[PDB]
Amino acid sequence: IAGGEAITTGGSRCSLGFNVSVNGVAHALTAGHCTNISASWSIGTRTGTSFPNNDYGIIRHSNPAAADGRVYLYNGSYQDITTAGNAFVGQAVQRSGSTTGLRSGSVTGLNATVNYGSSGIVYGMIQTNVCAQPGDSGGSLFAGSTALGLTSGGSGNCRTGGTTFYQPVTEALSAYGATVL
(Lines of atoms letter the chains of each structure in order from A and count residues from 1; the text may use other names and numbers.)
(Lines give C-alpha, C1' and ligand atoms only; values in the text may rest on other atoms or scores of the structure.)
Protein backbone atom coordinates (compact mmCIF):
# COMPACT_ATOMS: atom_id res chain seq x y z
CA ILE A 1 0.00 0.00 0.00
CA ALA A 2 1.49 3.35 -1.05
CA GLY A 3 1.12 7.02 -0.19
CA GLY A 4 -2.35 8.40 -1.03
CA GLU A 5 -4.19 5.11 -0.70
CA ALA A 6 -7.15 4.47 1.59
CA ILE A 7 -6.70 3.35 5.20
CA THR A 8 -9.81 2.58 7.27
CA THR A 9 -11.02 1.90 10.79
CA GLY A 10 -14.66 0.79 11.24
CA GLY A 11 -16.60 3.12 8.91
CA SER A 12 -13.94 5.90 8.82
CA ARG A 13 -11.56 6.46 5.91
CA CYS A 14 -8.37 8.52 5.66
CA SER A 15 -5.38 8.28 3.29
CA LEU A 16 -1.88 6.95 3.96
CA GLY A 17 0.75 9.71 4.05
CA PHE A 18 4.15 8.00 3.74
CA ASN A 19 5.58 4.62 4.62
CA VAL A 20 8.51 5.07 7.00
CA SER A 21 10.99 3.10 9.08
CA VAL A 22 11.56 3.48 12.84
CA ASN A 23 14.76 1.56 13.68
CA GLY A 24 14.05 -0.74 10.70
CA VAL A 25 10.40 -1.41 11.72
CA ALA A 26 7.87 -0.45 9.00
CA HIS A 27 5.24 2.15 9.91
CA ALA A 28 2.91 4.51 8.10
CA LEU A 29 2.39 8.25 8.80
CA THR A 30 -1.09 9.72 8.47
CA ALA A 31 -3.07 12.66 9.96
CA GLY A 32 -3.41 12.84 13.72
CA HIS A 33 -7.13 13.67 13.45
CA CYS A 34 -7.42 10.26 11.81
CA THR A 35 -5.34 8.24 14.31
CA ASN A 36 -7.20 9.86 17.24
CA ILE A 37 -10.27 7.86 16.07
CA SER A 38 -9.01 4.35 16.91
CA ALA A 39 -5.93 2.23 17.59
CA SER A 40 -7.14 -0.40 15.06
CA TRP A 41 -6.57 0.21 11.33
CA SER A 42 -6.83 -1.88 8.15
CA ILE A 43 -3.01 -1.84 7.96
CA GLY A 44 -2.02 -2.29 11.58
CA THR A 45 -1.95 -0.75 15.01
CA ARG A 46 -1.65 2.91 15.95
CA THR A 47 1.58 3.61 17.86
CA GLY A 48 1.35 7.44 18.18
CA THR A 49 -1.01 10.32 17.60
CA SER A 50 -0.93 14.12 17.92
CA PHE A 51 -3.95 16.33 17.18
CA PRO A 52 -4.81 19.19 17.41
CA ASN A 53 -1.84 21.64 17.78
CA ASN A 54 -0.07 19.25 15.37
CA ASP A 55 -1.83 16.92 12.87
CA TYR A 56 0.20 13.68 12.56
CA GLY A 57 -0.06 10.04 13.75
CA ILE A 58 1.77 6.78 13.02
CA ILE A 59 0.69 3.20 12.52
CA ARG A 60 2.89 0.09 12.73
CA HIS A 61 2.18 -2.22 9.77
CA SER A 62 0.89 -5.75 10.51
CA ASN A 63 2.45 -6.77 7.16
CA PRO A 64 5.92 -5.21 6.74
CA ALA A 65 5.84 -6.36 3.07
CA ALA A 66 3.11 -3.75 2.45
CA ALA A 67 5.35 -0.78 3.33
CA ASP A 68 5.72 0.55 -0.24
CA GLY A 69 8.08 3.58 -0.28
CA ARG A 70 6.18 5.37 -3.10
CA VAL A 71 3.11 7.54 -3.66
CA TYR A 72 0.25 6.20 -5.82
CA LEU A 73 -0.54 8.51 -8.74
CA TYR A 74 -4.03 7.20 -9.50
CA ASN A 75 -3.14 6.45 -13.14
CA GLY A 76 -1.65 2.97 -12.64
CA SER A 77 1.77 4.48 -11.86
CA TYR A 78 3.66 5.44 -8.71
CA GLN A 79 6.14 8.12 -7.70
CA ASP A 80 9.24 6.84 -5.87
CA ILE A 81 9.97 8.70 -2.62
CA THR A 82 13.59 9.00 -1.50
CA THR A 83 13.81 11.87 0.97
CA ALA A 84 11.84 14.34 3.09
CA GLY A 85 12.16 18.12 2.75
CA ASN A 86 10.71 21.49 3.73
CA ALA A 87 8.28 23.28 1.42
CA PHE A 88 8.88 26.78 0.07
CA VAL A 89 6.46 29.47 -1.17
CA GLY A 90 5.88 29.06 -4.91
CA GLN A 91 6.95 25.40 -4.99
CA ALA A 92 5.10 23.18 -7.52
CA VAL A 93 3.58 20.30 -5.51
CA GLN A 94 1.25 17.33 -5.90
CA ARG A 95 -1.15 15.78 -3.41
CA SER A 96 -2.42 12.15 -3.56
CA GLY A 97 -5.57 11.12 -1.64
CA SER A 98 -8.20 8.41 -1.61
CA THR A 99 -11.20 10.64 -2.43
CA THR A 100 -9.96 12.89 -5.24
CA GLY A 101 -6.84 11.03 -6.35
CA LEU A 102 -3.94 13.15 -7.64
CA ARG A 103 -4.10 16.95 -7.81
CA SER A 104 -1.42 19.59 -8.43
CA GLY A 105 -0.86 23.22 -7.38
CA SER A 106 1.64 25.36 -5.49
CA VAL A 107 2.59 26.30 -1.97
CA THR A 108 1.14 29.70 -1.15
CA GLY A 109 2.14 30.07 2.53
CA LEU A 110 3.95 28.56 5.46
CA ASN A 111 3.40 28.40 9.19
CA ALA A 112 -0.35 28.96 8.85
CA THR A 113 -2.69 28.70 11.84
CA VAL A 114 -5.93 26.85 11.12
CA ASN A 115 -9.07 26.81 13.24
CA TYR A 116 -11.17 23.68 12.74
CA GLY A 117 -13.87 24.84 15.20
CA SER A 118 -15.05 22.07 17.53
CA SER A 119 -11.98 20.05 16.41
CA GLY A 120 -9.50 22.68 17.65
CA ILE A 121 -6.67 24.69 16.19
CA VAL A 122 -3.50 23.54 14.44
CA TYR A 123 -0.31 25.61 13.97
CA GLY A 124 2.66 25.57 11.60
CA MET A 125 0.81 24.35 8.53
CA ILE A 126 1.88 24.52 4.88
CA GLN A 127 -0.77 26.32 2.81
CA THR A 128 -1.48 25.44 -0.84
CA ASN A 129 -3.99 26.19 -3.58
CA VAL A 130 -4.50 22.43 -4.08
CA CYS A 131 -8.04 21.14 -3.57
CA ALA A 132 -9.01 18.26 -1.28
CA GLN A 133 -12.18 16.56 0.03
CA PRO A 134 -13.08 14.46 3.10
CA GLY A 135 -11.21 11.15 2.93
CA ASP A 136 -8.11 12.84 1.47
CA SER A 137 -6.79 13.61 4.98
CA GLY A 138 -3.44 12.09 5.87
CA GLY A 139 -2.47 11.78 2.20
CA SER A 140 0.82 12.74 0.62
CA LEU A 141 2.04 16.21 -0.29
CA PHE A 142 5.26 15.76 -2.35
CA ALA A 143 7.43 17.35 -5.10
CA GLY A 144 8.96 14.58 -7.22
CA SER A 145 10.78 12.15 -4.91
CA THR A 146 10.78 14.54 -1.94
CA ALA A 147 8.08 14.05 0.72
CA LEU A 148 6.74 17.32 2.13
CA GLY A 149 3.51 16.99 4.09
CA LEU A 150 0.40 15.19 5.25
CA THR A 151 -3.04 16.51 4.24
CA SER A 152 -4.78 18.08 7.24
CA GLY A 153 -7.77 20.10 6.04
CA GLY A 154 -8.93 23.14 4.08
CA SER A 155 -11.87 24.84 2.43
CA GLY A 156 -13.82 24.28 -0.78
CA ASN A 157 -13.57 21.15 -2.89
CA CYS A 158 -12.16 19.75 -6.13
CA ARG A 159 -14.93 21.19 -8.28
CA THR A 160 -14.74 24.80 -7.15
CA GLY A 161 -11.16 24.48 -5.91
CA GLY A 162 -10.07 25.60 -2.45
CA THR A 163 -7.24 26.11 -0.02
CA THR A 164 -5.61 23.17 1.78
CA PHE A 165 -3.26 22.91 4.77
CA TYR A 166 -0.66 20.19 5.43
CA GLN A 167 1.37 19.14 8.43
CA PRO A 168 5.09 19.35 7.54
CA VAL A 169 6.40 15.77 7.28
CA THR A 170 9.78 16.57 8.88
CA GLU A 171 8.13 17.40 12.25
CA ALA A 172 6.26 14.06 12.22
CA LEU A 173 9.46 12.18 11.30
CA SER A 174 11.50 13.76 14.13
CA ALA A 175 8.65 13.17 16.62
CA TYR A 176 8.96 9.42 16.08
CA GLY A 177 12.58 8.98 15.02
CA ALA A 178 11.42 7.84 11.56
CA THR A 179 12.92 8.02 8.09
CA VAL A 180 10.95 7.83 4.81
CA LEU A 181 11.25 4.61 2.81
Contents of the next structure:
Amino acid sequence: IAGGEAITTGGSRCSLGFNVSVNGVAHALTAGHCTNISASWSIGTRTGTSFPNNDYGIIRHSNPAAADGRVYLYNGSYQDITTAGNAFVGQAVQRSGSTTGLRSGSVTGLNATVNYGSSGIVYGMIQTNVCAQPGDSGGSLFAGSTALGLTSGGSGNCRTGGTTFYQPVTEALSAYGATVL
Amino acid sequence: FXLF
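After the form solved without the partner chain, can we look at the form deposited with the partner chain bound?
Okay, now the whole complex, with that chain kicking things off.
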Protein backbone atom coordinates (compact mmCIF):
# COMPACT_ATOMS: atom_id res chain seq x y z
CA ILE A 1 0.00 0.00 0.00
CA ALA A 2 1.19 3.40 -1.13
CA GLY A 3 0.44 7.07 -0.45
CA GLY A 4 -3.22 8.01 -0.97
CA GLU A 5 -4.67 4.51 -0.76
CA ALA A 6 -7.56 3.47 1.51
CA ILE A 7 -6.95 2.49 5.13
CA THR A 8 -10.08 1.54 7.17
CA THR A 9 -11.18 0.73 10.70
CA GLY A 10 -14.61 -0.94 11.09
CA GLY A 11 -16.78 1.17 8.81
CA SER A 12 -14.39 4.20 8.64
CA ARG A 13 -12.18 5.08 5.72
CA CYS A 14 -9.23 7.47 5.48
CA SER A 15 -6.26 7.52 3.06
CA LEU A 16 -2.61 6.70 3.86
CA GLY A 17 -0.37 9.79 3.90
CA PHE A 18 3.18 8.39 3.70
CA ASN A 19 5.03 5.20 4.51
CA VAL A 20 7.85 6.05 6.91
CA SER A 21 10.51 4.44 9.08
CA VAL A 22 11.10 4.90 12.80
CA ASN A 23 14.42 3.30 13.80
CA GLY A 24 14.00 0.99 10.83
CA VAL A 25 10.46 -0.08 11.71
CA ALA A 26 7.79 0.51 9.04
CA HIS A 27 4.91 2.77 9.89
CA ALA A 28 2.43 4.89 8.03
CA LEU A 29 1.36 8.49 8.62
CA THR A 30 -2.21 9.56 8.23
CA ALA A 31 -4.51 12.25 9.70
CA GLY A 32 -4.88 12.47 13.44
CA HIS A 33 -8.69 12.90 13.27
CA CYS A 34 -8.57 9.49 11.57
CA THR A 35 -6.29 7.70 14.10
CA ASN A 36 -8.32 9.16 17.06
CA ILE A 37 -11.12 6.81 15.92
CA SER A 38 -9.44 3.51 16.76
CA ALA A 39 -6.17 1.74 17.45
CA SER A 40 -7.04 -1.04 14.98
CA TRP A 41 -6.60 -0.45 11.23
CA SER A 42 -6.56 -2.71 8.16
CA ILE A 43 -2.78 -2.13 8.00
CA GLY A 44 -1.78 -2.39 11.61
CA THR A 45 -1.93 -0.81 15.03
CA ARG A 46 -1.98 2.89 15.80
CA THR A 47 1.08 3.97 17.78
CA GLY A 48 0.49 7.73 17.99
CA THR A 49 -2.27 10.34 17.37
CA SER A 50 -2.53 14.13 17.67
CA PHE A 51 -5.85 15.85 16.94
CA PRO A 52 -6.95 18.60 17.19
CA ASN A 53 -4.37 21.42 17.39
CA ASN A 54 -2.32 19.17 15.06
CA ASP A 55 -3.81 16.70 12.51
CA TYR A 56 -1.38 13.72 12.30
CA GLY A 57 -1.23 10.10 13.60
CA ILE A 58 0.94 7.04 13.00
CA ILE A 59 0.25 3.34 12.47
CA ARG A 60 2.79 0.51 12.69
CA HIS A 61 2.41 -1.96 9.79
CA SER A 62 1.45 -5.58 10.54
CA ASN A 63 3.15 -6.35 7.24
CA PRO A 64 6.47 -4.50 6.76
CA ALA A 65 6.66 -5.56 3.09
CA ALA A 66 3.54 -3.43 2.51
CA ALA A 67 5.46 -0.22 3.37
CA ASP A 68 5.70 1.15 -0.16
CA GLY A 69 7.64 4.42 -0.32
CA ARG A 70 5.56 5.91 -3.11
CA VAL A 71 2.31 7.69 -3.79
CA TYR A 72 -0.34 6.05 -5.96
CA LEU A 73 -1.41 8.23 -8.94
CA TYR A 74 -4.69 6.46 -9.54
CA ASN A 75 -3.73 5.85 -13.18
CA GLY A 76 -1.89 2.56 -12.65
CA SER A 77 1.26 4.51 -11.88
CA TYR A 78 3.10 5.73 -8.78
CA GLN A 79 5.31 8.66 -7.76
CA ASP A 80 8.44 7.74 -5.86
CA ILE A 81 8.94 9.72 -2.66
CA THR A 82 12.55 10.36 -1.57
CA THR A 83 12.37 13.34 0.84
CA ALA A 84 10.00 15.53 2.98
CA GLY A 85 9.94 19.29 2.57
CA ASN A 86 8.17 22.47 3.48
CA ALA A 87 5.56 24.00 1.22
CA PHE A 88 5.77 27.47 -0.29
CA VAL A 89 3.13 29.85 -1.58
CA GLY A 90 2.58 29.35 -5.33
CA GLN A 91 4.03 25.82 -5.37
CA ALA A 92 2.53 23.39 -7.87
CA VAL A 93 1.26 20.42 -5.80
CA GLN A 94 -0.71 17.17 -6.18
CA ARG A 95 -2.91 15.39 -3.68
CA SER A 96 -3.69 11.67 -3.83
CA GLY A 97 -6.66 10.26 -1.91
CA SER A 98 -9.07 7.35 -1.85
CA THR A 99 -12.28 9.17 -2.78
CA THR A 100 -11.22 11.51 -5.52
CA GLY A 101 -7.92 10.04 -6.63
CA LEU A 102 -5.22 12.43 -7.85
CA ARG A 103 -5.91 16.17 -8.03
CA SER A 104 -3.58 19.09 -8.58
CA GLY A 105 -3.33 22.78 -7.71
CA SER A 106 -1.10 25.25 -5.89
CA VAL A 107 -0.33 26.27 -2.35
CA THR A 108 -2.13 29.48 -1.57
CA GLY A 109 -1.31 30.01 2.15
CA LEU A 110 0.70 28.79 5.06
CA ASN A 111 0.23 28.64 8.80
CA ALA A 112 -3.57 28.81 8.46
CA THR A 113 -5.87 28.33 11.48
CA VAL A 114 -8.85 26.04 10.77
CA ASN A 115 -11.95 25.89 12.90
CA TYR A 116 -13.85 22.64 12.45
CA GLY A 117 -16.64 23.53 14.93
CA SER A 118 -17.38 20.54 17.21
CA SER A 119 -14.17 18.79 16.02
CA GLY A 120 -11.97 21.64 17.21
CA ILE A 121 -9.38 24.05 15.86
CA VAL A 122 -6.16 23.15 14.05
CA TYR A 123 -3.22 25.55 13.60
CA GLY A 124 -0.40 26.03 11.17
CA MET A 125 -2.01 24.34 8.21
CA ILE A 126 -0.88 24.45 4.59
CA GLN A 127 -3.63 26.00 2.46
CA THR A 128 -4.33 25.02 -1.17
CA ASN A 129 -6.86 25.42 -3.98
CA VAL A 130 -6.95 21.63 -4.43
CA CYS A 131 -10.27 19.89 -3.93
CA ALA A 132 -10.98 16.93 -1.62
CA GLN A 133 -13.97 14.93 -0.29
CA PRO A 134 -14.74 12.76 2.75
CA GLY A 135 -12.50 9.68 2.61
CA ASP A 136 -9.56 11.75 1.30
CA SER A 137 -8.27 12.69 4.72
CA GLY A 138 -4.77 11.63 5.67
CA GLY A 139 -3.75 11.22 2.02
CA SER A 140 -0.60 12.72 0.45
CA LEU A 141 0.23 16.30 -0.49
CA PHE A 142 3.47 16.12 -2.55
CA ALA A 143 5.51 17.91 -5.24
CA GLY A 144 7.38 15.35 -7.32
CA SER A 145 9.33 13.16 -4.97
CA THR A 146 9.07 15.57 -2.03
CA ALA A 147 6.41 14.84 0.68
CA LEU A 148 4.71 17.91 1.99
CA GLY A 149 1.46 17.27 3.87
CA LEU A 150 -1.43 15.17 5.03
CA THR A 151 -4.99 16.01 4.03
CA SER A 152 -6.99 17.38 6.95
CA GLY A 153 -10.11 19.15 5.70
CA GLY A 154 -11.52 22.13 3.83
CA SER A 155 -14.63 23.24 2.01
CA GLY A 156 -16.31 22.40 -1.28
CA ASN A 157 -15.73 19.34 -3.39
CA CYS A 158 -14.22 18.05 -6.59
CA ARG A 159 -17.06 19.15 -8.89
CA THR A 160 -17.49 22.71 -7.67
CA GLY A 161 -13.89 22.78 -6.46
CA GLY A 162 -12.88 23.98 -2.98
CA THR A 163 -10.16 24.90 -0.45
CA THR A 164 -8.10 22.27 1.36
CA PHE A 165 -5.84 22.39 4.38
CA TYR A 166 -2.97 19.98 5.07
CA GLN A 167 -0.90 19.15 8.13
CA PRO A 168 2.77 19.83 7.31
CA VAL A 169 4.53 16.44 7.09
CA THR A 170 7.80 17.54 8.68
CA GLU A 171 6.06 18.29 12.03
CA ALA A 172 4.57 14.75 12.05
CA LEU A 173 8.01 13.24 11.13
CA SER A 174 9.82 15.12 13.92
CA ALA A 175 7.05 14.21 16.41
CA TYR A 176 7.82 10.52 15.97
CA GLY A 177 11.48 10.54 14.87
CA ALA A 178 10.37 9.15 11.49
CA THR A 179 11.84 9.42 8.02
CA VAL A 180 9.98 9.02 4.74
CA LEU A 181 10.65 5.81 2.83
CA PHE B 1 -16.30 24.66 7.03
CA UNK B 2 -15.11 20.13 7.55
CA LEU B 3 -12.71 17.23 8.14
CA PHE B 4 -12.03 15.03 5.11
